[PDB]
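One chain comes next, on its own, written out as C-alpha cells in the form deposited in one PDB entry.
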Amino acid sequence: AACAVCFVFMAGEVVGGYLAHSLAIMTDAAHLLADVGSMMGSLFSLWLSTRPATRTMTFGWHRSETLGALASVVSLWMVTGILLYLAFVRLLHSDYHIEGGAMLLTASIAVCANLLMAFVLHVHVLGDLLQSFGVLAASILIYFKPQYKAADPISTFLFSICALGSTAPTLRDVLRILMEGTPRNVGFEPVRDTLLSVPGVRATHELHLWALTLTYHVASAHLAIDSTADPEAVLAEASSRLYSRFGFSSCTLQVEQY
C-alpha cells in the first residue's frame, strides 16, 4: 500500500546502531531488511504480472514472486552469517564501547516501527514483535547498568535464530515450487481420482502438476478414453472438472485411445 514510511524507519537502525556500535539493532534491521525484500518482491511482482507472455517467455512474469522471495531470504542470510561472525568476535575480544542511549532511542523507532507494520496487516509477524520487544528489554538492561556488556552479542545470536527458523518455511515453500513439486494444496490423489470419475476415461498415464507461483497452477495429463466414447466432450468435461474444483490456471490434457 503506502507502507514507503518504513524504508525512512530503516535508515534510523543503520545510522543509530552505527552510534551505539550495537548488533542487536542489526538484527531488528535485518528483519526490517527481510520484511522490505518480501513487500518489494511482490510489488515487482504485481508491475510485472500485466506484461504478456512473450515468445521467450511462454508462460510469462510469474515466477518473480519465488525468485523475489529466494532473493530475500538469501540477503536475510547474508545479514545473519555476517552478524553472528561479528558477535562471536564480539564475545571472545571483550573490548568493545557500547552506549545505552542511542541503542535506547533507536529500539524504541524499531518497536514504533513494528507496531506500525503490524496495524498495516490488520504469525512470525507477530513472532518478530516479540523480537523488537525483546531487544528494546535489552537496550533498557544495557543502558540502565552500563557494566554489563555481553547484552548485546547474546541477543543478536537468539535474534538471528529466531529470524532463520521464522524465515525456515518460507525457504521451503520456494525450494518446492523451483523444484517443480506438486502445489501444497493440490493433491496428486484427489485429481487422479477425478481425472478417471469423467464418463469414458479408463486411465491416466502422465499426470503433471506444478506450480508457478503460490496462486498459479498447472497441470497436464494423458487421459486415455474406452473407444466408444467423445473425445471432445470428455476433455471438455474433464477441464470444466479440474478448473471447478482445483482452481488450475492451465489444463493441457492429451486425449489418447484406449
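Numbering follows the first chain given and starts at 1. First, how it differs from the form deposited in another entry.
- Of the two rigid parts that shift between these two forms, one contains both residue 48 and residue 158.
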Contents of the next structure:
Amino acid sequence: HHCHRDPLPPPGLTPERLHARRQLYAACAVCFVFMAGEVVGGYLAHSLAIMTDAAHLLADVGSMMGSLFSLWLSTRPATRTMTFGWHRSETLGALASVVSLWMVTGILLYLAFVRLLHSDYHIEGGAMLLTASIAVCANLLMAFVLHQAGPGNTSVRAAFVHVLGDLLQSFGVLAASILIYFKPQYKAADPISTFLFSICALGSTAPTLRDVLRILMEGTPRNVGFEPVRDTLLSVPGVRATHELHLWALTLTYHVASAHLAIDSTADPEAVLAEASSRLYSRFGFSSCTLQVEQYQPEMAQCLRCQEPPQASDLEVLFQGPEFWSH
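Let's see the other form, the form deposited in another entry, since the form deposited in one PDB entry is already up.
A lone chain is what you will see next.
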C-alpha cells in the first residue's frame, strides 16, 4: 500500500488499558493510605527513619500518579499544537517524580544534619517501634497479596521486586527501632539511619534521571544506535551518501527517525523510499519515520553541512569545551 504498511492502530479505550488503569489506581490508593498512616505514626514518634520510609512511599505514589496521567493522556489524539501527541508526558512525570524525591530527601537530610549537630531531641520508642512494625507488616501483606494475585502479566511481577526492596528497607528501619527502644541512650541511631537511607535513595534515583535528561535533549535513544541506522539506510539499493539523519525518542518505547536520502538518477524514488521505510520499521520499529528523497547532486561532497558527525562520545566531545572556558 503506502506509508501505512503494517501500522498498529492505537485505540482510545482498550480493555487492557482499562485493566491497567484500574490496578494502577488501586495500588496508588493503597500506597497513599498506608503512607498517611505511617507519616502520622512518624510524627507521633518524632523520628526520621520512618520519615524516610514515608518519603519513599511518597515517591512511589508520585511515580504511580505520573504513570496514571501518562496512561490517560496517551488515549487523547494528536492535536494541532501537539502534532506528535501527548507521549512525552511519561518522561515529564518521571522527571517531576525525581525532583519531588530530591526535594523531600534534601529536607530530610538537612533535618538529620541539624539533629546530629545540635543533638537536642527526644524519641518516643514506644510509638516508633509500633509504627515500624506496622510498616513491616504492611510490606509483608503487600508482598503476599502480589504473590497471590500473580500467576497485568508483567506489572505484578515488576511491582513484586520493588515491594521486596521496600520490605528490606523496612527491616532496616525496624532494626534501628529495636536498637533505639532497647537502649534509649543510642538515640542517634535514627538520624544515622535516615542519613544512610536518603543517600541510598539518591543513589537509586541517579540512573533514572540520566535517561530522562537524555530523552529531554532530543538525544539518540539508548536501544537504537546511530551506526546501525546509517548502515541500514545506506544498504538500500540505489542509495548514496545520506545527511541530516535526526533520530530521537519521545519516551523509552517511542522512537522517531528522520533522514535525507540521496538516490541515483536511475532509481525510482517511490520504490527506494518504501524499501527504506519498511527496512527501518522491521529492524528497529520506529514509530514515525519521514525520510526525504533527493537526487545525488555531487556538489554535496564539498558541503560541510552534509558531513556526518564524528564518532566521538558525549564525554569526549565536551573535553574541548575548556578551551571556551579558558579563552
